[PDB]
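Using the sequences and the hints, build the whole thing.
If you want the building blocks of each chain, they are given just below.
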Amino acid sequence: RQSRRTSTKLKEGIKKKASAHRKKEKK
Amino acid sequence: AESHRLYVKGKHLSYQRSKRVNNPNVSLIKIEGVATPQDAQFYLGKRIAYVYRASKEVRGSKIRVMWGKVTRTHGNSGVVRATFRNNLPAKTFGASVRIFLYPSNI
Amino acid sequence: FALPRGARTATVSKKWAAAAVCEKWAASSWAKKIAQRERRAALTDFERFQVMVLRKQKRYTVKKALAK
Amino acid sequence: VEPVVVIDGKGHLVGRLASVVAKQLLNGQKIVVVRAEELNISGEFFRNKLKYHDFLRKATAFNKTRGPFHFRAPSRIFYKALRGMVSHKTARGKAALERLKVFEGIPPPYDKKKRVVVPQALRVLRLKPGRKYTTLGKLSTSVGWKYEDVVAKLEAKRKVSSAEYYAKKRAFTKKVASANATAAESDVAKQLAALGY
Amino acid sequence: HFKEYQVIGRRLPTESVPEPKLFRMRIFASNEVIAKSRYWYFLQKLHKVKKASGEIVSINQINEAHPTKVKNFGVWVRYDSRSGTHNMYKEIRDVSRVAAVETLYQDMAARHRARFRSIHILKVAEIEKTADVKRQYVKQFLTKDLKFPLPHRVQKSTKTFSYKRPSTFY
Amino acid sequence: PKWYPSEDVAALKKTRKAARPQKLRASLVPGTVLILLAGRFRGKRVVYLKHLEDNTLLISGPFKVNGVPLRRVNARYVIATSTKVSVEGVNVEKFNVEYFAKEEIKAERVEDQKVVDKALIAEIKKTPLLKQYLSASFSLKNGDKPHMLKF
Amino acid sequence: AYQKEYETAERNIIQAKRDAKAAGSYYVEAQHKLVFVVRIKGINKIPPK
RNA sequence: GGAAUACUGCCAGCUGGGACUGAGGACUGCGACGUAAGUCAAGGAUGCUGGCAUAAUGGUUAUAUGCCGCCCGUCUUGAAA
RNA sequence: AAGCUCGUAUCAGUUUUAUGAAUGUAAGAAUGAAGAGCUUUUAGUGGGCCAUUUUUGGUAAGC
RNA sequence: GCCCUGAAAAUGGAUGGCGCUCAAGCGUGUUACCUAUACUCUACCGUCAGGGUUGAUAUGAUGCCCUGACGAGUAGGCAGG
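Protein chains in written order, with the UniProt record's numbering: chain U, 6 to 32; chain R, 2 to 107; chain L, 70 to 137; chain E, 3 to 199; chain P, 3 to 172; chain F, 7 to 109, 129 to 176; chain B, 50 to 98.
No lab work stands behind these hints, which were simulated from the structure alone.
For each residue, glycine too, the CB sits at the ideal point set by N, CA and C.
Accuracy of the hints is not assured; some may be wrong.
Here are a few chain E residues that face chain L, going by a calculated C-beta distance under 7 Å [what the hints assert, rightly or not]:
| # | residue |
| --- | --- |
| 1 | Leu58 |
| 2 | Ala181 |
| 3 | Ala185 |
| 4 | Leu194 |
| 5 | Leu197 |
| 6 | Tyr199 |
Here you go:
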C-alpha cells in the first residue's frame, strides 16, 4: 500500500517544481 | 425530604487553553441542561463551590470547599468560564461543581 | 384543506375559515401537548406546589382502586 | 442525569458512537456499551474486512508477539476504536477507559435495566437511506471471533425471558391507564389539568 | 446573500463631446461597492475603458416585483473555467429574481467549481407560459396536483441521550 | 482630636461620592413571598415586610408558620416569588436598624413577633394552601433548570 | 449654527436626489473629499516603498 | 387607491445582567442642577455590615494531575550538524 | 562621544505637476518630522544561503 | 465537475492518530465561537523627553514633584550598583 503523508522535502519540492513551471511559461 | 439541593450540578471540564498552552486561572464548567450562551447568561456571576472530602479533619469536618464565580460564557454549548480563589486542581477535571443561586437577579 | 394553486392571503383566510382548522387543530392530542408544554412552563413556584399537593391526593384515590 | 448510562450499539456507527462515548468519559461519565456485535459501520462488508486485515498484517517484526495485538472480539474492536480518542497513556486517559465497559450481548446486571441510544449516531438517521453498511457480527467472525453463536443463542434466551417480562408489565399498566382513566374526570383531577398535569 | 443593482456609466464628458452613451446593466452583488467594482470589469470586456476614465452615474437597488409568487427563471450565463470560457443556460423555479441568481451561484460552484469572479450573468427572464420550459427537473413540478412525501425524516436532537429509539414516519 | 498628630499622615482628597438610596429590583413589593438562598434559614418561604436603612429587607416567616423570626436579610440572597399577600394590615414602622443591636432570647423581641404574626396569619388563611406552602421547604428537583423556571 | 448646517446639507442632497427622478434628470453625487484610513497589517514583512 | 412592514442608517433614546479596576491623597480647575441657599454621577471609591487570639490567615517541603520544557560550553560552516 | 552654529523651513526608500530621450531637473505641490548640518576622534565589522523580480545562455530535463 | 484506470515492489505504516460516507470528504455561502508576548484600556517598573519648585518647601534642589512617549538584541559602546 501507498501513503498519504507528504514528506516535507516533497511538500516543498513541489513548490520548487511549481516555481519552475512559472518561469517556463513566461519564456 | 428527598432534596435539600439549592444548586445546579455542573462538571469541571478544563482550564481554558489552546492546543498547547493552558491557563489554569480560567476553569471551564459545563452546567446541567444549559445548551446555549443565552441560557447561560442567567448563571453569570453566581457563586460556585467545588466540594470534596479530605483525609484530615480541620474545623470539625473532613469536608472542604473552594469558592468562585461564573464569569462569562464559552463557545455555544453553554460551557461557561469560571474563576476560583485558589485555582481548581486539574486532577479534578471532570468532577462535580455545585453552582448556586445567590446572587439573584431574580 | 381545499386550496387552489398559488392562492392569495385573503383567499387562504377564506378557505381556512371555511375548513375552520384551528378548532380541528386544537382538538388533536398534538396541539394539546404543545399547550401542555407551554402551560406547565408558566407555573408559579406556589402554583407548582399546589400541583404536588393535588398529585398527593389523586394518588391516594388511585392506589385505592387497585389491589381489588 | 444518571450515574450509569448503559448505552447500546445495536444500529450505531462504530465511529461516532465512539467519539461521544468518549468525550463522556473524559467529562467523567460512567458508560457501558452493550450488544457490541450489533454495532455497525459504513461501507460494504468486503471493506471493513479490508480496512482491517491490513490493520492485521501490521504486527511486529523481530518479535511478532510484542506488537500491535489484533483483537477479534467485537467489544474490543470497538474499544480500540475509542481508546483511540482519549490521550490514553496519561492518568486522565487511563482514568477513563477506566470508566468504560463494552460487553457483547447484554449480560447481567444490565439485562435487567433500561438502556438507550445516541441519536447523533444510528445507521437509520445518518446513512443516506439505502447505502452499503457493514454489521460487525460478520465482520468480527470473518476474522476470528469464535462465538458469534453463543452470543446469538445464549441470546434469543434473553429476548425471551424478557418480552415475557414485558407482557406482565403491559398487562399491569393497562390496568392503571384504566384506573386513572376512570378515577379521572373527578374534580381534583380537573383542577390539575388547569395547571396541566 | 444577494441584491440587484441598476448601474449607469458614461466616460466623463470631454470637450466637444457632451453627454456620451450611458451603459445600463443590472448587477447582482452582495453590496453597492462590489456592484460598482464588478461594473467596471464588465465595461472592460464590452469595450476599451478604465475605472478612472469613466464615472458611475447612478447606482440604484431593484426589489422584486411580486415576492409572494413563484415564477420560473430562464438564465443565460457566461462563465470561465480551466479551459476557455463558454456560454450556458439553465432554468430555475423560484420566488425572486434575486434568490434565483443566488441559488444558481451555489449550483455553479457545486458542479463547475466556478466562483463569483468568473461568472457573468447574461440575462435572467421569467418564462410566462409553460412548454417554453426546456428542462426536465423544472417540468417535473409543472404537473396538475403534485402530492408527494418526504420519507426518512431526520429529527435533530439537542440532547445526546435518547430513550425512545427514534422512529422516522412523517 | 485635641492630640496633635505625632506622625505625618497626609489627609485624604475631598471625595466625591454621595450615598444614594438603593433601588430594588422590580419584583419586590412589600408582602411578597421569598425563598432564602443562604443562611440558617436557607430554603425557606418567607414574607417580605419592609425595605430598610441599611439596604436590607425585614422579613418574617412568620415564626408561627415555618420557624423564621423577625429577621433582616440581604436583597441578593433571596428569590422573589410572584405570590403576594396583604401586608397593609401590619404595623412595621417600629423596626429600623437600631432594633437590631446586641452590645437567653429577649422577652421584648418575642412580644413583637406575636403582634406581627397574628396580624398576618389572618391574611394567609384567606388563600388556599398558603399556610401549608409556607411551612414547606423549597428545593430543586431533577429537571428543574432554573433559567427556565418561573418564580 | 453647525447643527443647522449639517442637517440642511443632507436635506438638500435628499431633495436634489428627489428632484432628478421627478424631472427625469440624473443627480451627480458630490465627490467624496475626506477619507479615514486604518492600518490593517502588522509591522513585519512590509516592503520598503 | 391607501397604509404598513422588513432592510439600511441615526439618536448628545430609555431600561437591565456579568466580569476587571479604584491609580491618586487638604483646597484651587472645567461644569451641571437650584430663584437662592447650596447640592452633584464635575481634576481617579466611598458608605454599611460580618468573620478572629487554642485565631484569621500565610508559608515551607514532599509528591500528585494538566500543559509546556532536545545537554551545558566551545569552535567551524549559510544555519541543523 | 565632545565642541560650534542652529531649531529650523533642515529634509524624506513617498505621491503629484512641470520639463527631455521604467527613467533625469524644479515647485508660491501634498503629507510627515522641531532630532539638522559642520568640526574632532573611536570601538566592532570584509559570513553566505533562500525567496522575489527583470533577464542572458540553455536540452530529455534540471537549471 | 466528481469517481475508477491513468504501474511500484520489497523489516509492519500512517489525511498526525482514531476514525469519517444526506461526512468529520469536495465546491460554495451565511452566521456563531476558540486563541498569541498582536491591538485597546488601567496599574506598576525603568529609561528618555518636556517642565515646576527660594524673601525656601510639614524629607538630602546631587531633594520633592507634574506631563507624555517608549521598552527584542550578538560584536561593541555607555552608565548605575
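Going through the hints against the structure:
1. With its C-beta approaching chain L no nearer than about 52 Å, E:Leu58 sits outside the 7 Å limit, and its interface hint is violated.
2. Given the 7 Å rule on beta carbons, the hint for E:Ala181 holds: about 4 Å separates it from the nearest Cβ of chain L.
3. Interface hint status for E:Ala185: upheld, as the beta-carbon distance to the closest one in chain L is roughly 5 Å, under 7 Å.
4. A hinted interface residue such as E:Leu194 counts as satisfied when its beta carbon comes closer than 7 Å to some beta carbon of chain L; here the least separation is about 5 Å, so the hint holds.
5. The criterion of a C-beta within 7 Å of any C-beta in chain L is met by E:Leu197, whose closest approach is roughly 5 Å, and the hint holds.
6. The interface hint given for E:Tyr199 holds, since its Cβ lies 6 Å from the closest Cβ of chain L, which is under the 7 Å cut-off.
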